[PDB]
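Kindly generate the complete structure, drawing on both the sequences and the hints.
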Amino acid sequence: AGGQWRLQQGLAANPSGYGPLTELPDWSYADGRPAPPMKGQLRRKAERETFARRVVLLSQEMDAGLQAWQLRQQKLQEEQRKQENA
Amino acid sequence: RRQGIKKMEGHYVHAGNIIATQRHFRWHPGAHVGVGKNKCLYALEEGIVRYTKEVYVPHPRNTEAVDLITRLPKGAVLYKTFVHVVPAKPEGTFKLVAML
Amino acid sequence: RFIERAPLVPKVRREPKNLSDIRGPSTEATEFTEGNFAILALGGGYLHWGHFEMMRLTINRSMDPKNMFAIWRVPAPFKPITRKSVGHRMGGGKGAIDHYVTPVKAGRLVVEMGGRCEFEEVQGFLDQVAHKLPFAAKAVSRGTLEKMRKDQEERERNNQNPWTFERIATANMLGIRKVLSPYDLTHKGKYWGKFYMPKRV
Amino acid sequence: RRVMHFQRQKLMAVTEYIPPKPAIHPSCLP
Amino acid sequence: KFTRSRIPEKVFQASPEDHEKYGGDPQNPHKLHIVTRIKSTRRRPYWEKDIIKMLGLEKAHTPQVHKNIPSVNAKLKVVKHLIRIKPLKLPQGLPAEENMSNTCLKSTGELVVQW
RNA sequence: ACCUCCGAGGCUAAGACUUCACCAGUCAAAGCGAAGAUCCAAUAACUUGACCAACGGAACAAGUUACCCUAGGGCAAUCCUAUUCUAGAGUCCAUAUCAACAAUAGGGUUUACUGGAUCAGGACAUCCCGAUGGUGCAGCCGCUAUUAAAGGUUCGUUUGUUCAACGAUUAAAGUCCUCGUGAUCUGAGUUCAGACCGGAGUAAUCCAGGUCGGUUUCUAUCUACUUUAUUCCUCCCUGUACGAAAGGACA
RNA sequence: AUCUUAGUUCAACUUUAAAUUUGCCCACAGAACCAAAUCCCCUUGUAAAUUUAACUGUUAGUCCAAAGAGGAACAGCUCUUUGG
Ligand SMILES: [Mg+2]
Ligand SMILES: [Mg+2]
Ligand SMILES: [Mg+2]
Ligand SMILES: [Mg+2]
Ligand SMILES: [Mg+2]
Ligand SMILES: [Zn+2]
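Protein chains in written order, with the entry's author numbering: chain j, 23 to 108; chain W, 49 to 148; chain N, 51 to 251; chain I, 37 to 66; chain Z, 35 to 149.
Heads up, some of the hints might be wrong.
Derived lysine-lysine pairs resembling DSS-like cross-links, with alpha carbons at most 27 Å apart [claimed, not checked]: (1) N:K200 - I:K57; (2) j:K67 - Z:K87; (3) Z:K44 - Z:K111; (4) Z:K44 - j:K61; (5) Z:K140 - Z:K93; (6) N:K238 - I:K46; (7) I:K57 - N:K244; (8) Z:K140 - N:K228; (9) Z:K35 - j:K67.
These are calculated hints, taken from the structure and not from any lab test.
What follows is the structure, encoded as structure tokens:
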């Protein structure tokens, strides 16, 4: 039990976390063709996929918010110049 | 008893709604805020409530206040709180009634 | 400045048992006023008239007015104590009135000694009388007071412990304020109840 | 001198003053 | 009584000594927080149970991502003692519409593609 | 809060407030006109009142049950004591004795506006016996102090909130815990019906009063258990030491 | 509130079915003359909340942290409040 050491070396604290043990296919057929993947692997792919989609969505929203703020600063700081003529 | 504010700043208050129920004059009436015999403050005109700090100039007809202001140094003033209702809707509009 | 067992003008309204006036750091009358030796209270306690009288009688035995004197900082007893004499059970109406008492807080001076005297007569009798008082106390001088206070400051400053009570309390670090009192935020973990632990920085 | 809740006890223990070790021991050097 | 705690802002002020102690930088801060729960909601006031139920932190460690904007920090400053916050790191950029199904989050907080 | 201190018994109409229900209660723009509940009785009426103050109100009902029956429930402000400063005394001197206040310690205070017999287990904070220190005991004995719980710790007159007094003794007649012990036995009670005396009451009846009388049954299922020398007196040793005379030792 | 505190009714809380759209958290602003915090909302994290139809059931609990009132500032003491 070396969770401290494993996290000090960029590994999962729990050897049953992410690693060759948990996600490589536990078996193949005798001939060589691979096996229908295991349920746990499917569920972890789905959850990691959802995590990535959420990451990209939140980052996009924050960047778009920054751009919207830039636009508003432009159209309020410069449209006051239209009142500086005539 | 519940003698306290009942519509706080930035609240939409219609006509007649009580803004504040009080015992003494903690909050004096302001623009569009009327007082009842029991010092309740109610909203005369539909709008949005605000609170402000203003200068106090009591009625000369009153006596317990017209004299205390007479006991104050040069450059003195009694500031006090007021509760106004900035009205929201306009009084009315004009619409076509007859084309003759 | 002689005092009496009970105030000549007792308060008409029966004041409740106000105890928040002893569990804190003394703020008024903490420093000397033209003195050289005194007694510093390391705790917070109620002094009855008997304690005051015994203090006076014990100090009087080493007085020579031409050299040294002592003047009292504490006021006269002015806080009622409710009798509820023997023969009753809990509850059933507030009791009668007993002799009034005076409070003292930690880091407070009860009676200050002035004059150009010797430094060991205090260790002769004021040590005894401090040991007599109903709360933790010590006999202190100007130089010794300065030494103790500056060393307290140094200890609070040259502390190699990364965490102190300040940081863990103010920031509500480990959900800690669920098991503390608001006064802790300002007492700084040095006045648990009516006491005063000085070795804590 | 009443007892403290246990968590307050742990907090008092962890935050206890630790003094700075002197560079040299005075006995064997001024 | 026992009451909500208003943390003075003075604590949330990184110093020149803190900056080189954790892998951060005053300028160019970090987009997303990865947050995990490392303590029970039980035995804590309801105004922390609700916050945790709102940040999606109901389950145990189970990391979850949130924006690094003050509207969420105000919530994390109430539950800062029941969570670990680390900054998400993207040393390969946001994934494309390809590589969404082949990502992975390492214990150091870096999101990467194809393990 | 029977905690802390005091008094009272014009009409119409948007919108709202409220005594944490309801019932009641409260404010009010504009507009039109003038400047403590319900039920009951008397009532043409316009409406009207007392009680409901136990003030959400039975229309009108008190004292009491010792002959009662049923359903049920059941870390002490003020203080006691020992150790700390000696400070006060003691024919001189705090330490040979009390040792005042206070402080530090262990322990309780319920009423007003449960013993005895039988057998006893245990602690020591020791009454005796044992060992030791100082003494102002110059000596047995006294005084205090340390140590010691193997053993022992009487019989009677009067009486029973349980003690106290008194007689005779004894080496001593210890302080407490387990009424310790009522499926081992007994008595008083305090609270069983009878009766009398004194107090309170119109009476029934009451009385944290005083007298006389008065019934708690058990075949042992289970545990546990049923064969673990002290003191005193007398006499030698004698009246040495000790002792200021006088008295009078150990082994 | 109750000839009522060994119970009942109303409320609060709970449940089901149904309708609708905002509910909670929340910075800045704001709430008096005579310490902890509280109230109120734009955003934000969320997915809940209000309303309607229909019933029963619980109700004056114990301990701990804290602030008070009563009994010392104690008697493991009666009571109110925030939290667990
Ligand atoms: Mg109401
Ligand atoms: Mg009008
Ligand atoms: Mg009634
Ligand atoms: Mg009533
Ligand atoms: Mg808002
Ligand atoms: Zn050395």
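Structure versus earlier hints - violations, ascending order:
Checked against the structure, the hints that fail are numbers 4, 7, 8 and 9, while the rest are satisfied.
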